[PDB]
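Presented below, as structure tokens, is a lone chain in the form deposited in one PDB entry.
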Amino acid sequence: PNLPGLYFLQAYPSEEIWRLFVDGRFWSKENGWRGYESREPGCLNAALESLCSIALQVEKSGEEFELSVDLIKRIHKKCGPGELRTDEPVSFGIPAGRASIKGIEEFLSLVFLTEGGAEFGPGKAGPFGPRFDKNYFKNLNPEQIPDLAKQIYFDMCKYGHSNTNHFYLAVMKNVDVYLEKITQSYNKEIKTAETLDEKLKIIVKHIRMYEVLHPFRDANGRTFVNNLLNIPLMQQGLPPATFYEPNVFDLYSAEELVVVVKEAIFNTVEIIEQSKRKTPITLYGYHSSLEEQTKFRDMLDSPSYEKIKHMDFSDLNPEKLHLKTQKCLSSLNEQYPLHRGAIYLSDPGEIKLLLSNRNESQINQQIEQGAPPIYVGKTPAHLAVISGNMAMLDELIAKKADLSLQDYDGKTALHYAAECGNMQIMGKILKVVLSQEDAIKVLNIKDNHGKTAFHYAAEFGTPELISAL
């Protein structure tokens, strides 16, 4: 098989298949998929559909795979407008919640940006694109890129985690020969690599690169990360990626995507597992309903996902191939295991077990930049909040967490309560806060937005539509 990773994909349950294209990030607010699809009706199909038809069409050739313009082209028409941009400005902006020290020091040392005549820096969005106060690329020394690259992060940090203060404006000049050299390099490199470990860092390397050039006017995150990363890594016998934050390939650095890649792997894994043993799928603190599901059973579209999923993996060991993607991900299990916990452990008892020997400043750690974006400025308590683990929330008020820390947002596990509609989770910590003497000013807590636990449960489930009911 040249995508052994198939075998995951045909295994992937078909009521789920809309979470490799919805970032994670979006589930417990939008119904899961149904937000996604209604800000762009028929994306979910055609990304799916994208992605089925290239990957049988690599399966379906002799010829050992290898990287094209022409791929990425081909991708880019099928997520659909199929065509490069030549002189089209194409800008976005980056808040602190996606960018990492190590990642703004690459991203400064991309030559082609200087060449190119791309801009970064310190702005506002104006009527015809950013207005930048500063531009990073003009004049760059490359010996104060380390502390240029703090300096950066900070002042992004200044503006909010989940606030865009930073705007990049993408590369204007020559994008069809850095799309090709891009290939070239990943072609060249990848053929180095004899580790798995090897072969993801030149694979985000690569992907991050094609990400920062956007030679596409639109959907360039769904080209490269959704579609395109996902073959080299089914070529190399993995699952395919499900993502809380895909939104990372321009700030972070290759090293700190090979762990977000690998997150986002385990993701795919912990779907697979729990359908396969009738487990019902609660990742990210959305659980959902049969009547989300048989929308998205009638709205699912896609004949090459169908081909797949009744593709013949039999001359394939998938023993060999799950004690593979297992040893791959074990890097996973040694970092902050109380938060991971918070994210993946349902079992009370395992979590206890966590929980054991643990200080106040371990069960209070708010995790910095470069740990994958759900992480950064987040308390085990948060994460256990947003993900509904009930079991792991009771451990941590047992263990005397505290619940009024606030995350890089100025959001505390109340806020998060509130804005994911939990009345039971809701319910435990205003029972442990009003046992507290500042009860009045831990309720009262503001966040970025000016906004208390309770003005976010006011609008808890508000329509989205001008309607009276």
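Numbering follows the first chain given and starts at 1. Heads up, when I say rigid core I mean the largest set of C-alphas that superpose within 1.5 Å between the two forms. Compared with the form deposited in another entry:
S435 is the only residue from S68, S38, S61, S435 whose Cα shifts by 2 Å or more between the two forms, the rigid core being superposed. Residue displacement note: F21 has its CA displaced by under 2 Å between the two forms (rigid core superposed). Core-superposed comparison between the two forms: the C-alpha position of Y456 differs by no less than 2 Å.
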The other form holds:
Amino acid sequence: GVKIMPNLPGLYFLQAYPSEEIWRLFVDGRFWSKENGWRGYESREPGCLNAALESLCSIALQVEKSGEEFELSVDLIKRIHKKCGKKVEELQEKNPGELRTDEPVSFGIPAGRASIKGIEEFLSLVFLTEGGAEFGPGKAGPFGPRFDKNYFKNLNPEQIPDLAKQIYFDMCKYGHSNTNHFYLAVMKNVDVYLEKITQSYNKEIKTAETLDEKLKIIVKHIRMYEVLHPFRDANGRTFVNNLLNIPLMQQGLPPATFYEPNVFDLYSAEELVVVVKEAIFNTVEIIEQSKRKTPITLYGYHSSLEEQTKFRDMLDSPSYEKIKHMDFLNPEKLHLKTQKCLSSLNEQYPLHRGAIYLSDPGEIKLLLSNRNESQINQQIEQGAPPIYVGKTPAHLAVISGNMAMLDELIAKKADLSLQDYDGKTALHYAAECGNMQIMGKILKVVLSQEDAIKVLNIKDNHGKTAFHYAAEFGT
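Show the form deposited in another entry, please, the one above being the form deposited in one PDB entry.
Next comes a single chain, given without company.
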């Protein structure tokens, strides 16, 4: 009959998220290993982490307090952006909370942040074609990019599927992690396009029956919002680190912990659902490990006590302290829902996931038990979450520093000479990460093979050998 129906039931997970680890929902997982977790990110824009946390937290409390049913608005979007640059020096001179009129905003996209299906959808966005957006190969310059070609100029819609395949091939040819292709955003009707996207989300979310259907609508609109670059800066933080998390928590889902949230431009809506599910899974893993008092080692990062104390002294968010102390009900329904949501994650590439998340030698032996050669040496293809693309389970075992997985992969006679889309082998990675035991274990194998010299001399896309990297360990 009469009940308390929380606006964002998923706040249970934001309260459950360990305080000392909260920075993980803003600091891309890709940085952790080499930038001492949150340190690199913070130094780049001092106070941006506290402003990002406070933005999400205050705006969530505002929606939770409301008597009205949650709906997206141009006003909520402006409020998020305003808060995301509150004390940030690098955002104060870029009008926080105000939309662009004619200003130019541009960036480059590497093949590693793109997909064929994603480029197809990107070229299909009518607002981009009519709003005068520019995209194509070129050169970065002092006053924006110099386009050699602009695909939006005289664009044939029938050509878009073949153009996408060609664009990806060109981006690939240049280099997986290198930038050749640039995007110059729309310089008119940004206010009008922002309103159309909002009206479209509110319309479509009403006719999405299942969580999976709802997730596709959410990501399709977050993507359109990111692609239409409405603000001078902070669009990633505004749309993906903040905005995205509200409809997620509205559905009783945990917020997202991304490895790489910079895929909201040239990835497809369907591909992004998988990306977001991986990010929700990361949040659940962080929560579960901290609950088990298990030290978190995800994405190659072992936090020191010095790093941990530095973050708590730094942390300043009255809204987060409020969420932390909220009254929290049987979470069984919420757990079943998120487990049902993440059950799909399993099926696709289990060995690559095992190299990232697994650490029990017994669980690893069992996972690798009965896997054929083609499975143990499988390189994931374009369209999957960025971390997998062109990589073998061995590549990810080395990068993650997963000794138990690497040991089992060696026992399974995995091809350690395979190159990823960056021309790097497991040995190039062992050098870069400076792990002597991993490199020693790889070399013992390489030297037992006949093509040892050829293997050791493998050059990556920078024409560097694994040993060029080893010799450079420590800048």
